[PDB]
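With the hints as extra help, turn the sequences into a complete structure.
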Amino acid sequence: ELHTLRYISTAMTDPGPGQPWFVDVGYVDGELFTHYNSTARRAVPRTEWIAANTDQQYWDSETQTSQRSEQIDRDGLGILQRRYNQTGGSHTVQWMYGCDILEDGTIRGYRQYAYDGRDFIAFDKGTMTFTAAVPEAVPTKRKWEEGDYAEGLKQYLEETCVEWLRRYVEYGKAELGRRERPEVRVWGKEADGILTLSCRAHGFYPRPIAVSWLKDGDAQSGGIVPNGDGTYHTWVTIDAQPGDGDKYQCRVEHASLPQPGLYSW
Amino acid sequence: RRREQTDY
Amino acid sequence: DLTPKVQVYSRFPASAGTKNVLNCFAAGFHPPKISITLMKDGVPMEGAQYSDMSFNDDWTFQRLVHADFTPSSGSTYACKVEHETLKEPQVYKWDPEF
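Protein chains in written order, with the authors' numbering: chain A, 1 to 217, 223 to 270; chain C, 1 to 8; chain B, 1 to 98.
Incorrect hints may appear among the rest.
Claimed, not checked - Distance condition first, Cα-Cα at most 30 Å in a straight line; then the derived BS3-like pairs of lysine-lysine:
1. A:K252 x B:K87
2. A:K189 x B:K93
3. B:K5 x A:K189
4. A:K141 x B:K33
5. B:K87 x A:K189
6. A:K189 x B:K33
7. A:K189 x B:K40
8. B:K93 x A:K215
9. B:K19 x A:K189
10. B:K19 x B:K40
11. B:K80 x A:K215
What the hints assert, rightly or not - Chain A regions said to be covered by chain B (calculated; three or more residues, Cβ under 8 Å):
12. 88 to 102
13. 192 to 202
To be verified - Reference excerpt, derived from the structure (chain A facing chain B, CB under 10 Å, subset only):
14. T10
15. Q19
16. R179
17. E183
18. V184
19. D234
Calculated directly from the structure, the hints in this document are not laboratory data. Virtual Cβ for every residue (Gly too), placed ideally from N, Cα, C.
Structure follows, in structure tokens:
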């Protein structure tokens, strides 16, 4: 019942050889569904369901917004380097924005910026305020507090963003609402007089999962990481005494599983 | 749909 | 610490001679410039695909690299990561877990 629409953009002075310096992507319920970069200079679909339900004018419009955003960040990288008295080197602008539909029907919206990986400025739509995290952000705040910008941003976050999120989840309802069962493997290794038990869940969807080690009824988790195909992976290990392998069970909680799975080494 | 930013 | 946190894993629990996909996921790093290469026996694997540069709520960057492969017994598979925060290129071995 919770749905999320999130857009992020990165502007880099040093993306690496042959790499685009400006990259943006959009996510619906955590699934990547659109992308733009400064090399191809086109906003493109990244799921079947967005491509099937949009048209040429949609992608021309998204492309126009990204291209305009690209130019403003090209300017911004220079503006900020001059504000910071920087003359070269590796610098990055990042921003992310979007909206959430909460399980109670209430709506969240946000838009925030970072320079060189730390907070720069952020918008609070409910109060129409900007928080400048550093002094170099204050001249920006002064501009963004004037003109049409903040009322328009508030309206986008509360109305346009939510309206589009509702469209997208309808377009993608089949794929977004599916369940895929993880294939679980338990694996053990003994080194330095310690038995390390690994429990891996392969290829589950949706993202939320709980994997834990129970002893007889201090775990390290790699978090939830993506596969190439829209499914997810997690690994959880625990350190045990050698010979105690029989005492441990890996428990897997997932929406696709009517009852949690319990796996032995 | 995306929302452009404005001049820094 | 803005170093890449790296995990190597296959799409499916692996078995000898069975088609699979090898994944290298790096996350938590800054700046965004990074080199990530899937290796087989010290040699670049063919057909690698790279995620477009993305980042987490905490602003740190992440990238998935993946490539189709059929794991051979007696071969070693790994992911080599180069990043400004590292003193050496770092090699993360895939554990086939069979």
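Okay, the hints, checked on the actual structure:
1. A:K252 x B:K87: Roughly 41 Å separates the two Cα atoms, so the pair is violated.
2. A:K189 x B:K93: 14 Å, holds
3. B:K5 x A:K189: With a Cα-Cα distance of about 21 Å, the restraint between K5 (chain B) and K189 (chain A) holds, given a limit of 30 Å.
4. A:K141 x B:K33: At roughly 29 Å apart (the allowed maximum being 30 Å), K33 (chain B) and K141 (chain A) satisfy the hint.
5. B:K87 x A:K189: 28 Å, holds
6. A:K189 x B:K33: Given pair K189 (chain A), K33 (chain B) is violated - Cα atoms ~34 Å apart, limit 30 Å.
7. A:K189 x B:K40: Within the cut-off at roughly 22 Å; holds.
8. B:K93 x A:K215: 29 Å, holds
9. B:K19 x A:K189: Holds: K19 (chain B) and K189 (chain A) sit about 25 Å apart, inside 30 Å.
10. B:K19 x B:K40: 15 Å, holds
11. B:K80 x A:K215: 35 Å, violated
12. 88 to 102: holds (count 4)
13. 192 to 202: holds (count 3)
14. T10: At about 6 Å, which falls below the 10 Å cut-off, the nearest Cβ of chain B leaves the hint on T10 (chain A) intact, so it holds.
15. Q19: 8 Å, holds
16. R179: 17 Å, violated
17. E183: 5 Å, holds
18. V184: 8 Å, holds
19. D234: 7 Å, holds
Comparing the model with each earlier hint shows violations of hints 1, 6, 11 and 16; every other hint is respected.
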